[PDB]
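Protein chains: 2
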Amino acid sequence: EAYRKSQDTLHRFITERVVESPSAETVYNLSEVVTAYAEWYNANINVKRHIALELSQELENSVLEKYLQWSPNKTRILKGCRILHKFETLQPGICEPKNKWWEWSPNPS
Amino acid sequence: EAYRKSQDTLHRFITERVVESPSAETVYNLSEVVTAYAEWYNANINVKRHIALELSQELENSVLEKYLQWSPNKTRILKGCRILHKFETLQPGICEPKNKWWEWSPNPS
Numbered sequence: 826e827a828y829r830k831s832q833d834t835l836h837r838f839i840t841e842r843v844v845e846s847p848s849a850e851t852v853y854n855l856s857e858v859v860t861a862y863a864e865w866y867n868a869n870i871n872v873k874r875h876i877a878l879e880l881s882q883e884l885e886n887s888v889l890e891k892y893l894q895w896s897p898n899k900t901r902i903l904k905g906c907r908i909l910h911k912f913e914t915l916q917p918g935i936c937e938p939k940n941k942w943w944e945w946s947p948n949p950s
Numbered sequence: 826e827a828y829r830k831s832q833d834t835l836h837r838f839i840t841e842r843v844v845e846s847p848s849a850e851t852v853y854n855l856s857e858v859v860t861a862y863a864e865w866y867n868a869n870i871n872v873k874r875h876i877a878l879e880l881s882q883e884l885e886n887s888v889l890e891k892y893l894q895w896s897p898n899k900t901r902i903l904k905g906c907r908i909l910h911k912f913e914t915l916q917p918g935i936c937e938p939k940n941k942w943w944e945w946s947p948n949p950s
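Protein chains in written order, with PDB author numbering: chain D, 826 to 918, 935 to 950; chain C, 826 to 918, 935 to 950.
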């Protein structure tokens, strides 16, 4: 589980740079958030090719899914959340081995 | 049908970026629409190389054919519509398996 959580790069970007902000909603389109994830991945993880189509559905399943409303153009938009820049900050709004272990059974035999 | 509609990149681009604007006809050449589709695909889907001629026939077969009028240049032109940029938005101007489902074949089936 720890290894899987470590491999979840999108969740790491979201928890490190994406925050909810009722004070400054600053509605972003989905492509903007995708490009922000792409440059974060290139600058923090590895310079690699990025596909916005995939990242749309990955982002539509992460902890941000609840914030994805519909634009007047019926386009996917991240509502009520702020993408933090390089220095922006959060603001208001064992078992026993003493014997022959090869014969060990679980506590319920 | 849903899968095919999702796979239709041109229709999605037309819905997202191409909207009618009778108040400002702003005649565009077919090559401008193709370039707009190319940049939209690069920024919103994937960095891809597209043959502009194929997009030309696809647009000629698209829903914009009624707006794809004829110019004095003897070339097809998008008329009466506005190509929205990234920051532009809309502006004024089951059956019942009782007991044996394998024997199910009623008259309507």
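Calculated directly from the structure, the hints in this document are not laboratory data.
Each residue gets a CB set at the ideal place from its N, CA and C atoms; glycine is no exception.
Please note: incorrect hints may appear among the correct ones.
To be verified - Using 30 angstroms as the maximum straight-line C-alpha spacing, the simulated DSBU-like pairs for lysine-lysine come out as follows:
1. D:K899 - C:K830
2. D:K899 - C:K941
3. C:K891 - D:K904
4. C:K830 - C:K873
5. C:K891 - D:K891
6. C:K911 - D:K911
7. D:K891 - C:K904
8. C:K830 - C:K891
9. D:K873 - C:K891
10. C:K873 - C:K904
11. C:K873 - D:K873
12. C:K873 - D:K899
13. C:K911 - D:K899
14. D:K904 - C:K904
15. C:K911 - D:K873
16. D:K873 - D:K939
17. C:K891 - D:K899
18. D:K830 - D:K873
Claimed, not checked - On the chain C side, residues computed to face chain D include the following (Cβ under 8 angstroms):
19. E841
20. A868
21. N869
22. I870
23. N871
24. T914
25. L915
Margin query: For a quick check of understanding: which of the numbered hints are violated here, in increasing order?
Written below: Violated hints (numbers, rising): 2, 3, 5, 7, 9, 14, 16; every other hint is consistent with the structure.
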